[PDB]
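Undergrad: Since chain A is already given, all that's left is putting chain B on it; use the hints.
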Amino acid sequence: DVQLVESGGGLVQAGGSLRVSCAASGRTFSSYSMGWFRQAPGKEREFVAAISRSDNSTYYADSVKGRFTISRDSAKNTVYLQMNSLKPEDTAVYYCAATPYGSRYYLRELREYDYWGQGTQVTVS
Amino acid sequence: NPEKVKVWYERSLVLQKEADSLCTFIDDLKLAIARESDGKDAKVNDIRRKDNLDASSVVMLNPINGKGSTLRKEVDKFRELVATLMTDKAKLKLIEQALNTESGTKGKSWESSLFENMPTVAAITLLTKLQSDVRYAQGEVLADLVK
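Chains as they are written, first to last, in the numbering used here: chain A, 1 to 125; chain B, 1001 to 1147.
Just chain A, with the same shape it has in the complex:
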């Protein structure tokens, strides 16, 4: 078992910036890669960004590339998703996930993520 806590969601206008965080427990950061998934209104959930624990490599969806940045703090056991140049299309429920995998061939796959968090509704207007 692994547990993830989420905080930082808000309402912002077009072209604005925000920052969502995820709380991690124990040594999960060492054994698990951290991923972030957003669910658009009336649509299925999709991958946004991932952080590899093995090579500490970052992976992004091409829709959020250049605007979103994923970060890792080993001491704080916290992950930060810095969202810039926010568009109304970015309005979604942002979800936390941990995967035992570490390569690019597995980090984009929602099905490969063992643990999840509740998430926070982020709105852009």
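For the record, the hints were derived by calculation from the structure and aren't laboratory data. A few of these clues could be false.
Here are the simulated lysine-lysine pairs, DSS-like style, with alpha carbons at most 27 Å apart [claimed, not checked]: (1) 65(A) to 1017(B); (2) 65(A) to 1006(B); (3) 1108(B) to 1129(B); (4) 1043(B) to 1129(B); (5) 1006(B) to 1093(B); (6) 1040(B) to 1077(B); (7) 76(A) to 65(A); (8) 65(A) to 1073(B); (9) 1108(B) to 1006(B).
To list a few chain B residues with every Cβ distance to chain A over 12 Å, as calculated [claimed, not checked]: (10) 1011; (11) 1017; (12) 1032; (13) 1035; (14) 1042; (15) 1051; (16) 1054; (17) 1070; (18) 1071; (19) 1099; (20) 1109; (21) 1135; (22) 1145.
Quick reminder that beta carbons are idealized off the backbone N, C-alpha and C, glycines included.
TA: Using the frame of chain A, we list chain B on its own:
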């Protein structure tokens, strides 16, 4: 005494990232085979339950999400990198190219020959051997880069 140490460090940094990526991918393949074979709580390590012929074939050869062809191209890339970084030791490169061969059997792909109807334990040991060959190749290239 030191002039083009920048060459050593740059080339050796490229090799390490490529070797590490390949080994991380292989670690994921071992874990995916173990998880397909048993369950989400499956441990990759020795003395593991439920040996299955289907797990390796599912993980490597599935038509939608199979990782075999991806693994093949990644080993090829690594072997080709090893060839550009090596000196002029054909006999040494010839040894590593043989360890990293991508050749199958008859009208079948390397991935098909290796993971078609293969036990989970045998598939994981084969993958472990591939990682140790990557690490051997890495060490030999590093020694050659120092001149």
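Undergrad: Hints first: check each against the structure and report whether it holds.
TA: The hints, checked one at a time:
{"no.": "1", "hint": "65(A) to 1017(B)", "result": "23 Å, holds"}
{"no.": "2", "hint": "65(A) to 1006(B)", "result": "32 Å, violated"}
{"no.": "3", "hint": "1108(B) to 1129(B)", "result": "22 Å, holds"}
{"no.": "4", "hint": "1043(B) to 1129(B)", "result": "18 Å, holds"}
{"no.": "5", "hint": "1006(B) to 1093(B)", "result": "24 Å, holds"}
{"no.": "6", "hint": "1040(B) to 1077(B)", "result": "31 Å, violated"}
{"no.": "7", "hint": "76(A) to 65(A)", "result": "26 Å, holds"}
{"no.": "8", "hint": "65(A) to 1073(B)", "result": "26 Å, holds"}
{"no.": "9", "hint": "1108(B) to 1006(B)", "result": "44 Å, violated"}
{"no.": "10", "hint": "1011", "result": "19 Å, holds"}
{"no.": "11", "hint": "1017", "result": "7 Å, violated"}
{"no.": "12", "hint": "1032", "result": "7 Å, violated"}
{"no.": "13", "hint": "1035", "result": "8 Å, violated"}
{"no.": "14", "hint": "1042", "result": "10 Å, violated"}
{"no.": "15", "hint": "1051", "result": "21 Å, holds"}
{"no.": "16", "hint": "1054", "result": "18 Å, holds"}
{"no.": "17", "hint": "1070", "result": "6 Å, violated"}
{"no.": "18", "hint": "1071", "result": "9 Å, violated"}
{"no.": "19", "hint": "1099", "result": "21 Å, holds"}
{"no.": "20", "hint": "1109", "result": "18 Å, holds"}
{"no.": "21", "hint": "1135", "result": "15 Å, holds"}
{"no.": "22", "hint": "1145", "result": "21 Å, holds"}
When the structure is compared with the earlier hints, violations turn up for hints 2, 6, 9, 11, 12, 13, 14, 17 and 18 and for no others.
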